[PDB]
Amino acid sequence: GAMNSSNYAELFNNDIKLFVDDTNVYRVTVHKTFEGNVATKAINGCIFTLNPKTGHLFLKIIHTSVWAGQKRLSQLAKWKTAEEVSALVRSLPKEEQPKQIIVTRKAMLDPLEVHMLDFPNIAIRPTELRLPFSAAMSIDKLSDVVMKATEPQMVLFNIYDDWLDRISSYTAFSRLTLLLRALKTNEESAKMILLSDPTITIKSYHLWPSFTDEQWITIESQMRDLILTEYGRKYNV
Amino acid sequence: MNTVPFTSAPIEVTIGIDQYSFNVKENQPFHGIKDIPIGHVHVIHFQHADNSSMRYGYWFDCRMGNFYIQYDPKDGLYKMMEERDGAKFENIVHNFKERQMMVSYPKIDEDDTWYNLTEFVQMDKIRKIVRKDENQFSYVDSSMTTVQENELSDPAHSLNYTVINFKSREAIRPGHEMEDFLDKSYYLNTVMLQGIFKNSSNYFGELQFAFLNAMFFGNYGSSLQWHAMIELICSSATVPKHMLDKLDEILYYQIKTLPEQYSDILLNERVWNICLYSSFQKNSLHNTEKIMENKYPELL
Ligand SMILES: CC[C@@H](Oc1ccc(Cl)c(Cl)c1)C(=O)NC
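Keeping their order, the protein sequence lines are chains A and B. Note that the entry's author numbering numbers the first sequence so that position 63 is 1895, with each residue one more than the last. As numbered in the entry's author numbering, residues 1 to 152, 170 to 317 make up the second sequence, in order.
Isolated chain A (complex conformation):
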């Protein structure tokens, strides 16, 4: 059934599962034409497929060429997402294939179910959680590889860096969703928080800065303050 606050620790058990987020698959800029009409121009997108237990991120880059000559792109984007997720699963050894795929938007359920008919024993689930994965393109290194791509491409990341050496996956996922929630609510402020101290750098093989345990506590506190404030600023409280 649907994943929610009540069945949350299931994310961190030993049943392989993937979150799939499609919010950045089909991306456009909206602009005026010379005649004064409006047009869209597609930019590169990405499927965000995440193992929440291990941090393994399968970032399938969606090049704008895939939309050429196609109609109803927002509908197509859901099916393309499902096609690529199904190809990912088929590319994995049996013992690495997920037991469950959790889609972050309910409109992905039928496309993915239809593409996964060959895998009757993989459960396709929605979620009641309002996960901030749309903000993945606020992570500079992920935005960079998406925007530089000249062809379809899959890039593999660990979105937790080396955190699992020191914290549990529950805690790592909590930190990830806090960071992303903050980046979604106020990207500029959130990014200032993360970099304000120039001595704390991002390793070449990492996405986030190399904070100590204590510095992560300060960072996390700053992200919660940001989120609460924007909540006031936005509802006036």
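Hints are computed from structural coordinates only; laboratory data are not their basis. Cβ coordinates follow ideal geometry from the N, Cα and C atoms, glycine included. Hints are not guaranteed to be accurate.
To be verified - Chain A is nowhere near these chain B residues, computed Cβ spacing over 10 Å in every case:
1) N2
2) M64
3) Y68
4) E83
5) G86
6) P106
7) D112
8) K125
9) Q136
10) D141
11) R186
12) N206
13) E266
14) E277
15) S301
16) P314
What the hints assert, rightly or not - Short, incomplete list of chain A residues facing chain B, as computed with Cβ under 10 Å:
17) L1908
18) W1911
19) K1912
20) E1915
21) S1918
22) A1939
23) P1943
24) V1946
25) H1947
26) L1949
27) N1953
28) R1957
Starting from the known structure of chain A, arrange chain B with the ligand on it as the hints suggest.
Okay, now just chain B with the ligand, sitting in the frame of chain A:
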């Protein structure tokens, strides 16, 4: 004109014959139904006065034999039987006819309702959906489940409707996932029509039989089957023109005949709104859309 005589009527019962029905009192001198039109299937059905649970009945075609109903006090129901002694059957039917203890099938001359509801329904196909090969007639009741329902428990007493499932490998060609799911023409025209049903007449016959079991017995799996067969056509962009015109006529008469008070349970709001207003065939069902909008605007 043919006759289904009755041994007796030991228990108070509402008897249906096609779209007609009448009340028989306990031990009333009722001995059957005469003047039944040859050329159509028919259904004789029963609801006991003491148990509005279990509507049940028998699909039959008088061309296939001489049939009669007798109440079984052990099994507690009116049973259809075949008398193979034709002499004895005409002899028994003439006796009861002379004593005027039979109701007349009360068809109005202008009235094509039953023909229009059973146009494609064939007894031989009914007997493949309802498997009981020793009899020439077929028993159905409110509780019988369908094969598809059994998959999601007694297979001998099931309704073997053709299984339709929009999210199945049969329905979806590898590499045409989005195409085949949004435009079911392949599934309709190649898998079902050419592959399984062979022709649209057999498809329409099963569709009409499923509707009638839903209406006369409240059979829920039958209702599911009827809507699925409608939805498959409406969700196909490419449908022969003759099929769309005939579907419009079939549905029109079904909606016309449905008891007004049962529209809440027998009509699936989603399917009908999709079929009439969103589907490829949204503009192809003029008669059906008009009677639906004038008779059940609430559902829409
Ligand atoms: C068991 C007695 C019952 O048997 C029947 C046999 C055949 C028919 Cl078609 C009918 Cl209607 C009845 C009867 O009353 N015979 C006059």
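Which earlier hints can't be squared with this structure? When the structure is compared with the hints, numbers 11, 22, 27 and 28 turn out to be violated.
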